[PDB]
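**Student:** Listed below, chain by chain, are the residues.
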Amino acid sequence: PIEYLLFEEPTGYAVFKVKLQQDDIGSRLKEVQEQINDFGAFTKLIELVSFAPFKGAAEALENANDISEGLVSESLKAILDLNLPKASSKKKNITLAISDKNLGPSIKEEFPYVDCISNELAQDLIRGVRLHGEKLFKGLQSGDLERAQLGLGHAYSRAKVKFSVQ
Amino acid sequence: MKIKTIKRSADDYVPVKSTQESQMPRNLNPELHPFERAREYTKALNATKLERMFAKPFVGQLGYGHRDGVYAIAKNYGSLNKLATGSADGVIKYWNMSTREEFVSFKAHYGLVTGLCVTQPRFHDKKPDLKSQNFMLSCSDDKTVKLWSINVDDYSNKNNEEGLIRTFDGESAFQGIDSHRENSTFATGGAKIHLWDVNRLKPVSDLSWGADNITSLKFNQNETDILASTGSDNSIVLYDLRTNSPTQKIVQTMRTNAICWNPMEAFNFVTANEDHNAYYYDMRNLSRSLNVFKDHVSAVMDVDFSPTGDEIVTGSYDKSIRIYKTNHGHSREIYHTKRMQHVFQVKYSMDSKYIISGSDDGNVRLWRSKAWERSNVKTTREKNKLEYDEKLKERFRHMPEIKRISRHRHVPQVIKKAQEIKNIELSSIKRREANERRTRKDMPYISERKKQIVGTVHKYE
Amino acid sequence: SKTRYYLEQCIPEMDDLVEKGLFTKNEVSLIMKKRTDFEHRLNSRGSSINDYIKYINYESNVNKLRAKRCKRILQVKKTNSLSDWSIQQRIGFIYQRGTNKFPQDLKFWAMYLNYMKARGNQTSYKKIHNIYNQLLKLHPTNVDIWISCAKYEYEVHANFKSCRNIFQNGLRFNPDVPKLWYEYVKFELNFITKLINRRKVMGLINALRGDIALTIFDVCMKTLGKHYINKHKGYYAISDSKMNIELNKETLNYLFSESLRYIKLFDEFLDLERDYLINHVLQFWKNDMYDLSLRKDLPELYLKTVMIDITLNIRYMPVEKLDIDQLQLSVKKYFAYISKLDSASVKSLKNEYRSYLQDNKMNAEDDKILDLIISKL
Amino acid sequence: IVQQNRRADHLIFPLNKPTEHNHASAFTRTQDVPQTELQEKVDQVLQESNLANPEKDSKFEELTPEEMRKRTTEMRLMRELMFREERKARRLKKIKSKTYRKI
Amino acid sequence: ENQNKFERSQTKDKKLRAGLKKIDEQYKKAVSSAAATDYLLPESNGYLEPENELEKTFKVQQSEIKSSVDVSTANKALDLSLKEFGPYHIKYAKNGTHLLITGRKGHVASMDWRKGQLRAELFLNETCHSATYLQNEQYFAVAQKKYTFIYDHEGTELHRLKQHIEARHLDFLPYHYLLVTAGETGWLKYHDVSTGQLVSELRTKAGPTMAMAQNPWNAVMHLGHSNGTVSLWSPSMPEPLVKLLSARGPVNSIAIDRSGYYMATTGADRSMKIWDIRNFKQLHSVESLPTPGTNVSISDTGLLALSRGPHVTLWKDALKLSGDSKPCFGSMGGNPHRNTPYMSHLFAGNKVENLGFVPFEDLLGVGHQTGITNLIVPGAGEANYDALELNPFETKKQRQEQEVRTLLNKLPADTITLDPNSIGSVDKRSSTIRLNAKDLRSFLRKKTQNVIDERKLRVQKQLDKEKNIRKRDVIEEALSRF
RNA sequence: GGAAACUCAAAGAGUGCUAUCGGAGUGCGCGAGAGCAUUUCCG
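Protein chains in written order, with the working numbering: chain V, 6 to 171; chain W, 167 to 627; chain X, 744 to 1120; chain P, 4 to 106; chain F, 40 to 521.
To be clear, the hints were calculated from the coordinates, so they are not data collected in a lab.
By construction, the Cβ of each residue, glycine as well, lies at the ideal position given by its N, Cα and C atoms.
Worth double-checking, as some hints may not be accurate.
To be verified - Residues on chain F that point at chain W, a partial pick, calculated with CB under 10 Å: (1) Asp52; (2) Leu79; (3) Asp401; (4) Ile415; (5) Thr434.
Said to hold, decoys possible - Pairwise CB distance ranges, derived in the manner of DEER restraints: (6) F:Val110 to X:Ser744: 44 to 54 Å; (7) F:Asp478 to X:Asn823: 33 to 43 Å; (8) W:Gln227 to F:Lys486: 57 to 67 Å; (9) W:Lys557 to F:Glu123: 55 to 65 Å; (10) X:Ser744 to F:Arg468: 38 to 48 Å; (11) F:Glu440 to W:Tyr554: 15 to 25 Å; (12) F:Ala57 to W:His564: 13 to 23 Å.
Construct all of the structure, not just a fragment, from the sequences and the given hints.
**Tutor:** Structure below.
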């Protein structure tokens, strides 16, 4: 039960449908935890289903500050309201593999029908999508990740220090 | 005059660019594919040899084990990777098998722990908070049945009530439990079987035949309101909570240790007793054990069905576990290791690929059921190859040389010698039975599937 | 392989296509080897959307040829067999496979959407909703997606609740483009005009003012101002007084350049309480933001607001005698503003004289009057 | 039900009716409350005067010389200005009437 | 319509009745969905038709067929004419890519022929009888003077064979990686070319082997002696598996269809026989041919070819069961119910030495005194090869892949009976009603063992005696019971 | 002895490449179908 995953990236928010599942009981084995490393089996496991880029630089800094304190924001709430289906109470409620237990209650407060999850399965699935990086996104962007994360890092650092630029 | 000649044309066969894939043109003629049966036979023989090459069943321990050998193991039923083990010096533990570590431990009782199971216990004055904490309960022989919460990071919804939610206490001792999986009811066994629910400190009902102790119980997996048990009058009893009464009772020739229902038939169960064969009974006609799995050398200490509904795991008092199929009656295959002694509790996991065995040395080992199917998600041509040559092995399993390759194991020398002398004893007693039947005239051909039953209340209908 | 699997799945259509006599074995082997090469090129290692496009062109042209040989040989239109829907089923499979293997090309996405909108008579709008929702998921930013299938949902099915729903979803998704706000106001006015025309059709066979458009105009103004400011000042809130004030003047200029476009393609729309919502626009642009710009910068903007507030009436009539009849209001407000301005008075005089010159008997004498006499006599 | 469970040829183990729900389309509001301030203001305007198919059916429950050529623009205007649910119910009712009068 | 080519030639228990219905339904469905593949078959075969009555099909020669044929096939129509070494001999590879030619003086050349890539030429100074490829371009065997050699792809002498005391008929069983030798001494020996082991040495006991062919369908070897006996062998039994009386005197050639059903055999008494194999019925004889045809070969479509030395004669569709497709030599009396030669070529003065059809193209290679010549023949090549086994468009990578896969799927040498569908059965102990047991001091040790053995013998005798016991006038009537 | 690799062959390593009856209606399932199946408009 991991069927949707949320990844946050310094160009935009991504949401991945989990096509099939990872082996839960044998999830410390070598022949399972090399599949996260190689690429020909990870795209058997995770496909991209939504990627909304925040385009303003200051809105990227604001999303990064709201994630870094563990709070929902406009673009994140917008794409989860778009992508996450209303799982009706006859079947279940939907599950969402997010990266941190500090963020968890703040999406459970806003969406009732979602259910966040971060065990080591969500941890290493997000680790796999972080490792493979751009090759998952199959061209739904304009701009690489490292220069954008350089700018976002310098801005987040100065906004934390409140460094006097006079 | 009209002539023609075939045109290879070198463009629809070899490509135009470099990167695209060349054609594999195809003609399915039995002219051009001459040896059908011998070639798929040799593919079956290579399948058997490669299965023996990849027969690597053992996957891991979990933790550093318990203190002094386990005696009860309870898989949960909602989630997959959570498994409770209770062991001899009153120690219960609740393992997350993903990282293969323990959530919490408890000095649960004083004497031997006897049986535990997990529940999603619906209280009436409280919402079931079963997506943030998980509940297991455990009965021992010092007259206590404790129900415990467990903090568990399966989810991350919330942010504290760690252990010992409550303690039911009984008159006599307790020998086993299992939880009715609906409406928060659980049954125990001891001097006589009792039925509690978690809103009372006193037993709601008492359901014995006579004053005879009851070694083990089990509920169903569907049609939940009936259950079965086994007592040391060598007896199998059934009960029905809808009538709130016992309902039938057979008596075998030796004491049944562990019973287990089928989670796909709902009226078949397996039964593991001290004579070295796990019987497999149909409920609504308890005169004939409609199968008998007959390959051990010592007492059959536990059995369980896989949730796919056709494989049996068993674990013997001799230091070995076996996996059977339902439809055969002999052993598919066998696990053993030098460092396990006296496997007392075996359970399939809900993934139906991993059997959790628990020895008396202290460890709770794990094994792959299929000892060669790996667990990674495989590419489609590889899955086609595996299912194809597995179907070839299944179709050709009666050929003698691939039978004598697919059959043999390294059975340990104790089990091999003792099964050899048991086989020569059984051949000798069959020879003396043939002599006695050569003489006498009123001698019934006693069926093997009814050999062990020596009495049934409600005799025939 | 899987190319063998797709080719083997397309065999029963050629089976009944030869079983009925409209394709003999030679040419059906010709089209099958051509489809074999096309399909291996499709499922190569590193294929292209050009290959998908021309394979689709091959399948559409063999469908046209199959219909032509059906109306020529068998002289019936629909053969009620497997041979009819099979090619459209294959074209649906190829478009789905292409949108899976290559999701960033809106040319191919649009060709799929146009093909499915054409075949809506055979396969209805649920497939349209499915592929359009997955297009919206894979491209939330590109506003032309929302605009295009909002136009579809309004002009093909006219379901106004879902139309306003997807406009509000897209406007939540990117409230920093001007085009989406402006075309949402355009759709909202189209709906209110169709509703008032329904009321007029009721009156023919014998409350709901533009407050929707005005509220979304107000949220447009403040949100586009804030997000233009955050499009500038990239990461660090620039902190010096004259720079902050001059960028507030810059965003006032860009925001009023959007509001004048609203006035333009609302005056093209009008047919309603046009002076009511235009005066709501100008009451907002009287009660300014960040600077209160009437005595501050952009005095030419203040002159343009005065010019619109004066010439609010004159922009509607070909019978200019009514303009001369009510021009006492226009010239009265004109004198009320000339009494307040000095050199903007002179530019406003040139503007009003040019307006009256673009415009051009008893009222033309009594209630400038020189042009009124020159147009009356 | 267990008897025909052992006669079937391949058992795909999602046996029961699983969680098979369609994804949250952009056309349908999910939790039926205004999220943004724009939804707040537009619904607090449209609380009073909305054509929630009642006035649509009341003003479109009308539609012979007018059927032939007399109302050749009036019928076009009515069928054009008919809304979605009114047009679907009109198509279903007219199709059922033609099914009754032409079999 | 085509299911005869794809065909593969009442109970009590209800679950077994349902299982039998499932398996023969799956048989029918898989045969139909295999027969529906030749719609997707890539191209069609070739033909030359008479299209008149005066335009006979055998008054057509190489000039006009090479004129109206394709340029690529016309340039495939080679003539590698060599004169300084003797009467040549052909063997194309298993796929139609490489060619191996052999002169009787000393010449052995293994070479591509659709490309000019001569990859292993070697002269010797001893009479090279015949030659054949092993699996690839890589290894090719030559039956030389008195030791068979096998050679690498460039020409290094890989192995002399210590056995095979001489050799004049040598070929290959491909899926088993077997090399089969028949010589002028009365031997036939099998040598596996993967493990290197000899497998069997079958003493023939019927004189020198005059000719030999290979069945492709069950990998039996067809010898033909000087007795007129066509024997069929395999390394299971040291005796011949079956024998046949084909012709009188010796039989100079014998050739098997690739579907294993039909055998053509030409003797030395000016006689040809056509045989069924799976029923061993002499289908029809052919007499009156002028010279004893020294070499016959058979196409992949049923288009056989006699080779009478100067003449080569190709008959199309002369393997049916009727009496109409008997291959005759001339239409007499206005009889359209004959089978004339489908075509024929007449070389100048050089005796043709051996035939061989090119596998997957429309041409018949023939080797003679002055060298090689290929003949463009429209229907005598299988058009649509199957790429999982044979492939005329190999690379190095897939060639090595097919090497490792076939070496992994080497069928063991015991598995070649008269009928290779017979390895799945029960072993002639069927019991259709199966009786499943339900319905029936060292001197002193030896002496006690003899005692226990004698007691077991007596108990066995008494049980059999009891089994036989259980399974089985006036004055004497008065004088009974005494 | 230096090697032009552009003559070709046999091989060894490193790198990159893909997925698993037709629209409604009609007895129908909790604004709603993912399916059970037709004589209802039918095509």
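**Student:** Now look at each hint and say whether the structure bears it out.
**Tutor:** Here is how each hint holds up against the structure:
Contact between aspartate 52 (chain F) and chain W, as hinted, is not supported at the beta carbon level, the nearest pair being about 14 Å apart and thus beyond 10 Å. Interface hint status for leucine 79 (chain F): upheld, as the beta-carbon distance to the closest one in chain W is roughly 7 Å, under 10 Å. The interface hint given for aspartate 401 (chain F) holds, since its Cβ lies 5 Å from the closest Cβ of chain W, which is under the 10 Å cut-off. The interface hint given for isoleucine 415 (chain F) is met, as the beta carbon of that residue sits about 6 Å from the closest beta carbon of chain W, less than 10 Å.
Residue-level restraint check for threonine 434 (chain F) holds (minimum Cβ-Cβ distance to chain W is 8 Å; threshold 10 Å). A beta carbon spacing of about 33 Å between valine 110 (chain F) and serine 744 (chain X) contradicts the range 44 to 54 Å that was offered as a hint. The hint said 33 to 43 Å for the Cβ distance between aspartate 478 (chain F) and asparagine 823 (chain X), and at roughly 58 Å that hint is violated. For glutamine 227 (chain W) paired with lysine 486 (chain F), a C-beta distance near 58 Å keeps the hint of 57 to 67 Å intact.
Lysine 557 (chain W) and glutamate 123 (chain F) have their C-beta atoms about 59 Å apart, which keeps the hinted 55 to 65 Å range intact. Between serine 744 (chain X) and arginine 468 (chain F), the C-beta spacing of about 44 Å keeps the proposed range 38 to 48 Å intact. Under the hint 15 to 25 Å, the C-beta atoms of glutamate 440 (chain F) and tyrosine 554 (chain W), about 18 Å apart, fit the expected range. Against the hinted window of 13 to 23 Å, the Cβ-Cβ separation of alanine 57 (chain F) and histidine 564 (chain W) comes to about 21 Å, which satisfies the hint.
Comparing the model with each earlier hint shows violations of hints 1, 6 and 7; every other hint is respected.
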